[PDB]
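Use these hints to put chain B onto chain A, whose structure you have.
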Amino acid sequence: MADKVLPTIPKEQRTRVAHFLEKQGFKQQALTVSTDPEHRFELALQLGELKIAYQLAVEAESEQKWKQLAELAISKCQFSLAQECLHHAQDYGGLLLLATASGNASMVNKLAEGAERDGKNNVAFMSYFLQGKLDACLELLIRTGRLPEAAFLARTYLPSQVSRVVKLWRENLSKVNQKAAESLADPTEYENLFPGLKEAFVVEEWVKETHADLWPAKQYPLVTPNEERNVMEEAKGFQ
Amino acid sequence: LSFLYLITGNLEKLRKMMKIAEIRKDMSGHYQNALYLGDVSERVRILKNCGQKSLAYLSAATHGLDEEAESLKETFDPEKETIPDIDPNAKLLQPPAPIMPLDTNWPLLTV
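Chains as they are written, first to last, in full-length UniProt numbering: chain A, 605 to 843; chain B, 703 to 813.
Bound conformation, chain B alone:
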């Protein structure tokens, strides 16, 4: 259903749902909320699952917020030292600008 909601070009319903299944635990699923979005709040939770400031940085940096991820990372006694490619490079783009719909509701006919 969530998928239907993201298919369609509108934003909330998925988010409450996201709340209500985030709230029902998770280790690989948060992902669903993030892409079609920019911003995620999941990160507040996420760090707790990870909490190695690593995820928090990778995620963090672009809202102009790499920084908190570093603060903890330091506090720990950091453990990061090498990284692989991953520089945001894939397009979270597509959906439905004016003319030629969405489909909340879909019309048809027996004919």
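Isolated chain A, as found in the complex:
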């Protein structure tokens, strides 16, 4: 009966009543009438026509929508898309949590790009590492003035930037003269670098490694490939 009336209601009317309908709990039906982007939106949150919600979003026109929505999407476990929205949002933090949990390089490159974006030094490093990229970690340091720290990495996992880097750090120190403050040596004397001969470089292990990076470590797994990184690793690594 009402439907005959329905033509003979418009804009705003629909809204009020929609709220009534919503009160009725005739959410779907409430959806059908739906009439305000906001109105549609909130209801949409309740409702979850997911795709449908997207169309309403269309171009959302507010990350806040995406943020709100992201939580919702994620709940529905409509991730493929969620990723698209979140990505669309480029809302890195939550998105990272998923991306990381299954794992992914690709995410990492784009993200790397992002990593560059973020404005505090630390996250970006994990990324660089995570990717496996000393190089990236070290380059990053150059901008931030992480210098003592950069040396440790450069030493540990040797890109022998310890030599290069140390000179520069030392130079800062140098600026701030005093001989102790200057501090000096790479192959020999103070440090014996390559003459010490101990644990962050060489070819053979490295060759084995070269491959290693390429295969999946294995134990028993899924399509989501292996790498391990534990006891075993220590042993071969020494070899």
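FYI, nobody ran anything at the bench for these hints, they're computed from the structure. You may find that some hints are simply not true.
Stated by the list, open to error - Below, in silico cross-link-like pairs of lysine to any residue (SDA-like), each with a Cα-Cα straight-line distance of 20 Å or less:
#1 A:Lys737 x B:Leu804
#2 A:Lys802 x B:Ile801
#3 A:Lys671 x B:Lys793
#4 B:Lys793 x A:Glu813
#5 A:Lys627 x A:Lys655
This is chain B only, laid out in the frame that chain A set:
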């Protein structure tokens, strides 16, 4: 300090520390223990924070252990239905094979 420990090419100290801060709660931090590692135990805890078998699967599958994550997931009345890219594809690799150190201890000189 943990960072120093992972920088260096050795494994325990971070792990006790990991215990002792895991043990001091967490929602975003477990991550620290996992990467340089393969294996994590965090997952036992983690699932409890999540507990949607989702995290548990994503994480799970490779030790050849996707499976328990599914068992619960089913029990619940599952809710997963779509996923995004993420297939383990970034390198947790680097650190210190023989010749050209670590640095537990770092020598220098005033000279």
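Consistency of the hints with the structure:
1. A:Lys737 x B:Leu804: 17 Å, holds
2. A:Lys802 x B:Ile801: 4 Å, holds
3. A:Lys671 x B:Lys793: Violated: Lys671 of chain A and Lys793 of chain B sit about 29 Å apart, past 20 Å.
4. B:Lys793 x A:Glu813: Holds, because 12 Å separates the two Cα atoms, which is no more than 20 Å.
5. A:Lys627 x A:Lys655: 24 Å, violated
Checked against the numbered hints given earlier, this structure breaks hints 3 and 5; the rest are met.
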